[PDB]
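Quick setup: one chain, the form deposited without the ligand, written in structure tokens, and binding and motion questions come after.
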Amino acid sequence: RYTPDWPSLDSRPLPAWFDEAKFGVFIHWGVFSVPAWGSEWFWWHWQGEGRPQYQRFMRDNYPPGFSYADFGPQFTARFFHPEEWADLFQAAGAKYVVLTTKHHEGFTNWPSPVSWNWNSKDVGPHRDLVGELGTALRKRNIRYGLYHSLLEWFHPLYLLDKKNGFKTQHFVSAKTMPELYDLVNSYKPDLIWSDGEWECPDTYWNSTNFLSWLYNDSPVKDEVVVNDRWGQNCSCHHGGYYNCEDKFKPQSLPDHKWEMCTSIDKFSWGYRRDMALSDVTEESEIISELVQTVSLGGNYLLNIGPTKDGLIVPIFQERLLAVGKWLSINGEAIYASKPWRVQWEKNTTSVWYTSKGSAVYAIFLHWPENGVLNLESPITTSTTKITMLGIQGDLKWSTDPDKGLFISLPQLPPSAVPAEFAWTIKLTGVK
């Protein structure tokens, strides 16, 4: 039992599935995919701020007087195949998939009763995208997360509440709470990814009451996790796990379960038609951030943006499949692992540490030129074995008294290494 206050809500232990999942896939999909230009913040940058480049794009691409709601019918999504998406996510090694159900534009990706003619069923796809994706993911035993944005940029009731100093709660009682309850009662989410909370306190958003209901009387009360974006000054302070800031890259080990959210497109979470090759994050950088995040006790949430036709572009597929290929070899050092006592060597070639049971995994991203890996932190016992995940056969190792351990790496010819950018050394019987 939990009471509608933060000290009680924060005492709820997180279900173990989230910490054992490690890797997840983020999907930013909505009406902003129709312009597919700039970012998913298109509407705010165009009308909220009146940026000249967005106005020029609107002038040169659409008739005068074109409004954002006119994008609604053009969100056809006629090539949407949730089974293909789920197969790709399974091949990528993802253990959970978080889909944006409603972004700051206010367009719900499910038939919301309080979003009539501004949802995916009434206009655009004419489908229940949330339900179809959830069915496809549940058939493959992949955990489901629903991203929900609390605020809406131009919703009249939210604007009225903002004018009133957020003393009234017309928007919260009309749209926010009914939509959250509908999203929880149906589709039975495993994860809730809240957003759009930087403008109002948690008292206005009714976050504590909804969280108490979710933890007490909801159909998913047991195996559900939420992030920290439930109001002003609530980020990285209150909630299940801490997203804190976007693309969070902590230096030291945090004392709370956290998650890193990053996008393959470095300049937009939503799809961009004119994405350059230099705007796509490299597979070496993606695997590197994942290794650092898992080593520091965090979850890795990689974002892709589907097109307005419901397609995932081949470059995103290539990145995801490379991540999955790397994971098919090095998963036992990632999935259901916990941080070690050091988590990285401060004197070697970028070595990070994970631990599972009695096994210690050293994931290194740079192959030493001289062919011997130096590991100062591990303490060798008489039953120490080096494995080099992906290669059958033990490795030669010498324990220097004054210096650290020295592991003789297998000198493999080109086009024979198991992975291409990061390698894992497994140590058994090491303190």
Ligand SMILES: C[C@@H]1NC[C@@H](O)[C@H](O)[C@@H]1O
Contents of the next structure:
Protein chains: 4
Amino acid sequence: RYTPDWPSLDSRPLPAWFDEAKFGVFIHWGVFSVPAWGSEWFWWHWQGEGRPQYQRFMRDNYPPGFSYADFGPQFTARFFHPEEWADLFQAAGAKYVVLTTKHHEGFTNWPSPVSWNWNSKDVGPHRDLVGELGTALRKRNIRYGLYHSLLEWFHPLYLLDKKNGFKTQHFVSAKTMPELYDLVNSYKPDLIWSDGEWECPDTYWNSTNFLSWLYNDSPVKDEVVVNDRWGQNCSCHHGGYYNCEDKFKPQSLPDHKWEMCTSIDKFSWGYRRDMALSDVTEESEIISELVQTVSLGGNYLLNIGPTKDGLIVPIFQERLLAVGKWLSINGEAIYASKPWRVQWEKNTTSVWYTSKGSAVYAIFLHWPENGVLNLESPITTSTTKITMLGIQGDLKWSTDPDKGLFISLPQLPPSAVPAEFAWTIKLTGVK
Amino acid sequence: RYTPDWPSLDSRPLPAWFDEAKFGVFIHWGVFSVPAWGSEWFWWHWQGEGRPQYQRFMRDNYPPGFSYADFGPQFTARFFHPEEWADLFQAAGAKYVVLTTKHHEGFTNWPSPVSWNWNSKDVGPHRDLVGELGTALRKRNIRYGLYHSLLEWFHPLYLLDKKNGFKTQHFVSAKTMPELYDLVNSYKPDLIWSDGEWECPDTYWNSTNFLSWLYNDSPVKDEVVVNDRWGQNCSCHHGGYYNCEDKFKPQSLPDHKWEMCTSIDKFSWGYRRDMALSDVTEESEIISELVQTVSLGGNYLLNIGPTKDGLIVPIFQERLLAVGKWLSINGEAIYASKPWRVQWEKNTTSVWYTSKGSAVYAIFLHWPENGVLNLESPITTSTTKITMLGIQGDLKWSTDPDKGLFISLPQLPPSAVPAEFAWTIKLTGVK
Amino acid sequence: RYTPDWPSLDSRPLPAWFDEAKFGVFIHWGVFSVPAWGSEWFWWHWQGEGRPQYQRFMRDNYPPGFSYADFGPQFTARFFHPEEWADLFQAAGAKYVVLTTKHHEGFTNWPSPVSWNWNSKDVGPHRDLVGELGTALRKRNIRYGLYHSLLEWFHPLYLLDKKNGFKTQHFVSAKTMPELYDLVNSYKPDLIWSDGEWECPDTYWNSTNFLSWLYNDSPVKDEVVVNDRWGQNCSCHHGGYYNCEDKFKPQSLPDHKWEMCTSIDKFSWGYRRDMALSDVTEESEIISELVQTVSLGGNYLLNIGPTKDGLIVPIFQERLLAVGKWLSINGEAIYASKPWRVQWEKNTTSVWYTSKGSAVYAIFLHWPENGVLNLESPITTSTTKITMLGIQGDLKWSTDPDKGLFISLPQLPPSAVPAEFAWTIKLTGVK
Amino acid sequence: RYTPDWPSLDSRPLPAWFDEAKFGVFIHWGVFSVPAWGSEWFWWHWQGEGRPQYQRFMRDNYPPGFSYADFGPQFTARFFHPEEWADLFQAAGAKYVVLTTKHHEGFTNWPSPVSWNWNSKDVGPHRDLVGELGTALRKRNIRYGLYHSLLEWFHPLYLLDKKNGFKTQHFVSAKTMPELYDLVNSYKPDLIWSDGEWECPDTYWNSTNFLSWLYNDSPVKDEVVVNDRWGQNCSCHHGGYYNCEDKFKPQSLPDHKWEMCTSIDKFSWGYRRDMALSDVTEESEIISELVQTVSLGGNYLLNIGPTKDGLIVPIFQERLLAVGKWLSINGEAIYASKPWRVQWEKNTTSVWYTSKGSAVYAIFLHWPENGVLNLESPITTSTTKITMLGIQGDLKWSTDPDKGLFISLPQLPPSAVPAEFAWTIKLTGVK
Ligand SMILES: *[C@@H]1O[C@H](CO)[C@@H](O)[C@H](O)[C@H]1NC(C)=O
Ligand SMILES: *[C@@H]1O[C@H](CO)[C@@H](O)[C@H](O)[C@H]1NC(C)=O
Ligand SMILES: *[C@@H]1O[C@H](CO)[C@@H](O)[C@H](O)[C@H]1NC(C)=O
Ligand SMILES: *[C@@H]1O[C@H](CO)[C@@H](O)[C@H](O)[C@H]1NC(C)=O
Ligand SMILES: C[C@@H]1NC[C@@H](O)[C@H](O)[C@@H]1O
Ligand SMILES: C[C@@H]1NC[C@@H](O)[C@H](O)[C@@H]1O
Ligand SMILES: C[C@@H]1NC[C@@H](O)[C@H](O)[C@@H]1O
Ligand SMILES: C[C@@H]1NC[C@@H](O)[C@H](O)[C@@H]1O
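Starting from the form deposited without the ligand above, please write out the structure of the form deposited with the ligand bound.
Whole complex next, starting from this chain.
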């Protein structure tokens, strides 16, 4: 039993599945996919800030007086096939999938009773997107996470609460908390990704009461995990795992379980129709970020943005499928792994360390020119063996009294290596 | 001071303006004007009942999966000019105008905080229709009435309350009562036309508390009037004036102030684009209904339906303008008048009686063939004079010992009478 | 046999049906009904002249860069029911119906091979409007007339011909003449209403050759009639009957058969959605114009504009049905009638004369105040009888040596005369 | 001077620029990009064949009765930036760009006088796409080619000609030939890519007369090249260069200059919105096809399909940019090269030969496992030198009396070779 207070809530141990997953897929999907321009913050940039570029876009592409709510019917999503999405996520090696049920626009991707005529069922897709995707993912043993934004930019009740200094709680009692309760009682989420919390304290959001109910009497109380975005000054301080800032890149090992969320599109989480090839993150960068995150004990959350028709564009599919291809070879060093005592060598070619049981894995992202890999951290005693996942046969290794360990990598012809951006060396009998 | 109970609320005397008005204009305007087919009950007939004709209409006119909320953006109302509306209503002789702020579809014609993205400001017209029309009417000294429907067909909270047997009040606390309070505190209505009450008791709707607040602390407490649609079994029993049933035609004088509401379109209150000329009420019928209603002490509420562009079609304009032309001649017998002791003759050519001070007015709708009007009710003593509003000179009259009074009407050439469907005889010095 | 020259073509006697008809209905229907604003000259006023009001309308109602061709798909005409149209035209007393097959916009209302993807079949209604209306009218013994505009405002071939001083005939050989031949060989028209001819001579338009072919080898050679709009300076000089100018009102009897075309809407031939009641021609004016036209030996062509959905608005229906109601009483003086030797009295109350066999008809539009009608033209000898169509019994009449004839009209109560705007006196045995 | 006959026309020598180009970019862009489903043959599959899948797509995505012409306004192309297109084509190494001016749908991408209201200027983009792209490409010294389809599926004049057995030429005189003349006299094309010719003989299409005019009096007579699609049985027999069949892969060296046209999308030339990653041609396949085509003396024409908004999707950009990256290293073996005397080794690892002056280039697509490349065709005499484009320093080579030549390739670490799918060896002093 837990009580509605942060010292009690923070003592809950994390379910082991989240740590063992190490790789999830983030989906940003909503009405913002209809303009598909600028970012998922289109409504705020256009109306809340009045940026001239967004006003020009609306002037040139839509009749005068066009409002953001008019985007609703245009969110047709007539090519959405959740089974294909789930198959792609499985082929990408993803262990969990986090879908945005509601973003700052306030448009819920499920039939919310408190979001009437502003949900995916009443207008637009005329479907329960959250339920369909959840069914498809549960059929393939993939964990489900629901992204919920606490705030809404232009909701009148939230604006009224903000005008009152958040001394009233009309918005929380009307929309936010009922939506969270409905999202938990149905679709039975494994993960809750909270957002939109930087404007108000946790007392206003009623976060402690909801978290106590979730941990005590919710149907998912046993194996649910939540992030740290539950109010002002709550990041990296309160919650299940720490998301900290977006695209978080710690320099050392954090003392709490964390997760780095990053987007394949460098300038938007939602889909952009005019996205250039340069805006797309390179695959070597994605694999390097995954390796560095997993080596430092964190989870990796890669984001894609579907189109308004419910399709994942071929470039995102290529990136995800190449991630999955690399994982199909180097997953023994990633899934259900733990950070080692070093996790990266000081003077090296960017070698990163993971551990699993008695096995140590050194992932290097740059083939040495001399053809010999230098590992000055490991200590070999009697029965050290080298594997080099994907290549058969134990490699040759030599010890040095002043230097460390030198391993002769197997020279291979071009376009003949199982991986192309990173390689894993497996050492057994190494302390 | 009044208390939240019907015996206390029913004791409030009616403000005299409503009785002195005797003629108002009803406006049914909303999202149902976009399909403009069948009636304003389009959503219920299509989805709540599944009538094959409405399903066929939606199949033939819209893409598959089209929902009622998608009609929202199409409610452009780009030709709405409230000043022209107010000028037409003034030229029609209307003393008050009742506009539907929200109908059973739940779409509010003003920026309701509890109807986010389902109101005339967020979607569709992108305007506050109620406020603009109110400003235009207040500039011309025309009283304003707000029509509010208590129920909504497909609102999830109302459906939940109905499922619980109306033992919960989620819908009332969330949408209905806040909307009524906002409609009263802004736009300062002179009339409240309640509707959508036949499914629930007044206790569920919180009608007594709202009416007590309206009569005690509202800004319009002094001169506001309400109808009788405040719950189950409330018609003709509770409220300011009695609307009773739609198109109410009493046979005798009612003991409570009442109002007959009727529509120029015989088959719909909302606008229909395929309305035939036969569906349009004849002008003689409209004037006859007005005369019979005013003679029986009731008010007359004539309804028009604007198009989705905010225009009043020429046929409705012609009907209203001919009503106003007749009133410009015969308004001395209508405005600020009272029912007489007879109000209609038993054996006549449909003569109806009104009174004002010491003057009696006999409105006849059929010119007698003999050219002599027979009035067996009035009693002349010494100084009886006949006026015949619109015609100069006192007419000749004769008394009979067994019969009543015979008045020689002024014979006139065709297309030369001020009125064409009804004529008024004014008698002074008549008991 | 006729030859391609005006002296030969003008000698063709008119088929008697056109003279015996005396009343037709004009239909202006096309892509211009989609904007339904300003007039049917919307495209020219907007793009060919650049009037600021039309540019403002397009700015406020459509996205930037919207072109006139984009109006094409919006011409849905999904409520078009030609049988209802034909029934209304029959109930209006119309003997022939002239529909615009193609206007200056160049959009053909039939599947024209030379107007690909710019016709009612390929885009918009997806129907052959001309064929459907023709079938409906032929089922009810109503004559069919096809309105064809020779010019098109923005057709590139016509603009090229105009640039060359009309010394080339690319437009005529490509579009105009093939369209006329297709319109004649199919739908077998009884009338051809030519238009759009004021910019070019008849030699450019190839009018003489087409008319010779029509009179010699066309399927309708026996009973086809054409108007006078076949080139520059051709009005009132060349053609079957003379339309002269639009809304032609001769002061005396013309020496050639003519036709007055007028529109119920005073400011447009096409439909206008914001048309006011004042813009609608009064019914007394319509009946007066018909009487004056028929008395002067001309035909009367009343125009209506259907909406983009294919509906005739209730006000146009009311005007047409009241015309038909008046005709149902006074058609003996109109249909198959001839102008008399006087046709109107010099000093009267606007009495107009028609003749049929030995019967003379005096239509008066103003009931005399004295109750006696003065007819100073007719001469009675021995067996003169008075009928007063719609009223039973011969009226009383008296002759004067210095004055003319005095007829005692039957005094009637208000709202009891068969007609309300004009009355007909029938005199037999009158020279 | 040339005469309108194939023996005279086929004797015209090809301008040297086309042979020296060796790589062009094909653009399929039109109204078919609006449905973006199935292929660019959407109209024929839907209406000309009635395939159930296309009918189902139209049923589910558009209102009933939707026609192909209604797609016209939806072709907005509001993100089309020809300068970005030209920059991408330059960065892809393309020497010429062929854009579809008109496809079988009959929709012209320029303001055609004979395609009124069915062209990119009157409807849809409201632009001259051909002119804008031509200006952008001419600014960057890239040759321009216009793709013109002779036939149109549903044009009434073409259907009439087909019904008559092509004994009439209404379609050719009305649309096809004027469009070709306008396309030549404006935009001054360097290449003409004819299509849609398999149904009619060249006599019907007037191909010989047009080609004689093009070679004699056209503004581009000096340096224009045409393909072989000018009538029935004209492929590989008549015309400038031979396209033969689509995706032509000869097994031996052809005796006439040819060109292989292939599409990055394996199942469509036009853009498909639901195209899968598997449907996208792999980059190694593209480079292999280019190498095999250039080695056999042909040109390579790679096709992309822009979206209806005028954007090139990131996957097509990635494929083109990687082609350009490979060309930036291996263009000395491709541009302005000639087929050698062998062009491929019988027993090898798929080595292909090109020649330029005294230099021979051997492109191999598979790194040998032994690390030694075997070239049994070349003969070294005294001064043979090896270059290996992209790698500095002459490689070591050895001759054999019974075998051929063995070259020791420079062993390199993974992800360190300038190219990744093919490598070029340059031999000088080799006969
Ligand atoms: C906060 O939570 C408590 C208990 O869960 C509840 O009683 C209260 O109504 C909630 N307040 C709001 C504003 O949601
Ligand atoms: C009913 O009215 C009372 C007093 O006006 C208020 O306290 C109560 O909350 C209301 N109930 C609902 C369901 O609106
Ligand atoms: C004019 O008519 C003649 C004969 O009908 C025909 O030969 C000629 O081609 C026509 N010219 C045009 C421009 O239509
Ligand atoms: C074919 O070309 C010749 C000469 O170029 C021309 O006279 C003739 O009209 C053309 N025919 C067609 C059908 O285009
Ligand atoms: C994941 C990111 N968190 C912050 C929010 O503002 C962004 O839109 C993304 O959702
Ligand atoms: C005035 C009428 N009252 C009942 C309601 O159901 C109708 O739609 C009208 O509003
Ligand atoms: C009948 C009228 N003739 C002239 C034309 O310009 C108008 O549009 C009408 O068609
Ligand atoms: C290039 C190809 N040639 C044949 C045509 O049918 C296809 O659509 C493509 O244009």
